[PDB]
Each structure stands twice: as structure tokens, then as C-alpha cells.
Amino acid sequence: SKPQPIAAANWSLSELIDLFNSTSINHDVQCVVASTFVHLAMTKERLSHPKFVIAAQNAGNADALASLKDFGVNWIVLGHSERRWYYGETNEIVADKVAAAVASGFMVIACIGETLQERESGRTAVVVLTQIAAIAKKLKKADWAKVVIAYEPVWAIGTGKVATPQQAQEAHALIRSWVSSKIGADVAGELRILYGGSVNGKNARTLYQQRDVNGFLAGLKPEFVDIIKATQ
């Protein structure tokens, strides 16, 4: 079957945490709320639903990771679109951050995905695989137990243009096949590969029906509750 799905939200927050706390989740799914540093203390005090964990974002400094782990933060999101295309994190910088976090005791959601022009020009496979290859170069087989991949076409992030179920499935299958081949079929079988980019509740349910989709990365908004419900 499928491994345990994940629904993850990348950063009124108080009403939002209230909604989440009051939500009964009647299937096995790991929920994650990722937030900036300034909101972590409040979110940890406030978010009490035991199927949720708090996650940091983008921390790359060893002392910082150590400090987060001491604080009780065990998850982190790395390599998200704007980190690459705006801030200028290279495939290698993202890979070093992923390795550093794993070494520091984190579960890591590492984001990969192609740009608009890369998709249009047929370069999706080469781009996405080069990105995960860089990540894999810095990890050992055993580390994959602490890794979750989020595939997000940049052209689908915040644009209201989701990938069709077929586009999403093809990307996830390509990633999983590469993981099987290069890392191991055992690792590939347990690997969560999440889809991100303009997910909502309706489109989420349909996307989850695809063979190689293991959940979602989406915005911290009220409809995240529907995205959670869609992971079955």
C-alpha cells in the first residue's frame, strides 16, 4: 500500500490554530505546521493536536539547528521555491542544509521542482532529478528514514494553476523510480513524496488518488483542514 501520508502547511494565526485543535482526524496522517522563527514559540504553546508537529523553515546554521532541537522542534522544511529562485540557494546549498538537519536529529521535508520555463522546454525530468541527486549525494542510505520529498512546480506555487493529476503523478513516479534505482527499492517504497502548488480540498482529493502521491504541502490557511481530509 502507501506509506503514512503527510499534510504540511508552510508558513489570524490564533483562529487558525483553534480550528486545527478542534478538528477530529479519523485516519492515519502526519500533520505538520511550519512557521518562521518569530512564530514558533506561540505555535508550540498553542497547537496541541497530537497528530500535528511543528516545523522550522530554512535554518542552515549548526547552532541554530541545535537550538531548535533543544526547543523541541523536530521537523524542518528546506529548499522551498523562493529559497532557490529568489534567495539563490543552489542545489548544493539545499543539500548541505538537508544533511545538516538530518545530522541534528530532524525529520526533513526537502522541496524540489522545476520552473515555468523548465517545464515548457521539456526539462522537468533533468532538473528535478539533478536537484534530488544533489540531496542524495550528501546523505547515506539510513538517512532516508528522516527524509520527505515535496515536489512543487514553481509555476504552480501561488499562481492558482495546479498540476493536473497526470502531471503530478508523472513527476512523483519519476522521482520514486530514481530513488529506487539509485538509493534502493526499500527506501523508495517508504519514501513520502508530497505534492505542492495551488492545492485546495477538491483538487487535493483527486490528486491523492494517484499512485505515487503521499500527501501535500500547502499554505497555512483555513482550507488546510480539507487538504488533511483529502489524504485518504
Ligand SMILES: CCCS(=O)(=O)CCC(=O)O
The other form holds:
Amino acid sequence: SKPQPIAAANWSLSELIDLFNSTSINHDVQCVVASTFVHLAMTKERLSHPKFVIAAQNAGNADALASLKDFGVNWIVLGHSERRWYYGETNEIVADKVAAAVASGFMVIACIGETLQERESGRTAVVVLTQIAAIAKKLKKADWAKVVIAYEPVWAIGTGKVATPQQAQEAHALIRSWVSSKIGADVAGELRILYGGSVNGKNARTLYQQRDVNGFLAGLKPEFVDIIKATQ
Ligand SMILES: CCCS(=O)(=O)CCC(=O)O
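Starting from the form deposited without this ligand, produce the coordinates for the form solved in complex with this ligand.
Up next: the whole complex, starting with the chain shown before.
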């Protein structure tokens, strides 16, 4: 059966926090609010729901990680689409950031995913696996307990074009199969692989039914409540 699912929101911020705080969540699911540096302190001050944790984003400096831990931040998102396609973080830069975060005692949501052209030319597999192999090269087996994979087709991020359940399931399954082969079937079976890209209230439920979907990464928005509820 599936490991504990995760619903993660990538960042009015005060009214959203109010709404989350008042939300009862009956089933088992880890919720994550990933905030940019400038809004971290306020989020931690305001968000008191114990099923939620706060996540930093993109920190790559040794002292920065240290300071985040000091402040009570234990989760971090790394490798998100724009980091790669705009900021210029390579597979190896992302992988180094992930190993550093794990060494500093972070839970890590590592993002991978293919471009529109890669998808169209049928190169989704080679691309996403090259990306995860770079990450895995800097980790030891035991590290995976601290790792979560977020699969996000670049063409589905903020475009309104969601992956179909078939597309998501196929991607998730090829990722899990590679992890099974290269890392261990034990690690594979416990690994959370999340889907992201145009997830909403209407489509999340159907996506979660898929065998290899363990939750979602989505925007910080009022409908995030329904995405959380769709993780069953
Ligand atoms: C405008 C963002 C829509 S979204 O759901 O595709 C965001 C996904 C993500 O930030 O990972």
C-alpha cells in the first residue's frame, strides 16, 4: 500500500494561513507550505496547524541551511522548474544542493521534469531519469528516507495544461522502477513521488487514484484545501 501522502504548496497570505489553520484534516497526510525567504518568518509565526510544516526554497549556502535549521525550518524544496530553465541550475547543481540539505538534517522535495519539446520528441524518460540519476549520485542509500520526489512536466506548470492520469502514472512508474533497480525495492516502496503542474480541486482526486501518485505540489491558493482532501 501507499506510504504517507504529501500535499505541498509552492509559494493574501494571511487569509490563506487563517483558512488552513481552521481546516480539519482527518486522514494521514503531511502538508507543506513552501515559502520564499522573505515570507518565511511570518508563515512560521502564523501557521499553527500541526499537520503542516514550513519549507524553505532554493537555499544552497552552508550557513544559510544552518540558519534555517536554527530557526526551526526542517523542509526544503530544490530544483523547481524555473531554477533550471531560467536561473541556470544544472542537474549537478541541484544534486549538490540536495546532498547538502540532507547532510544538514533537512527533508527534501527534489523536483524533476521534462520540457514541452522533450515530451513531444518522446524523450521524457531519458530526461527525467538523467535528472534523478544526478541526484542519486550524491546520496547514500540511507539518505532516501529524507527525500521526496516531485515530478512536474514543465509544460504543465502554471499553464493550465494538466497531465492526464495516464501521463502522470506512466512518469511516476518509470521513476519508481528506476529507483527500485538502482537503489533498492525497499527504498522504492517507501518513496513519495508527487505530481505537480496545473493540479486543481477538480482534477486532483482522479490523479491520486493512480498507483504511483503519492500526492501533489501546487500553488498556494484557496483550492489547496481541496487538493489536501483529494489525497485519499
Ligand atoms: C501558476 C502555478 C500553477 S501550478 O499548479 O502549476 C504551480 C505548480 C508548482 O508551482 O509546482
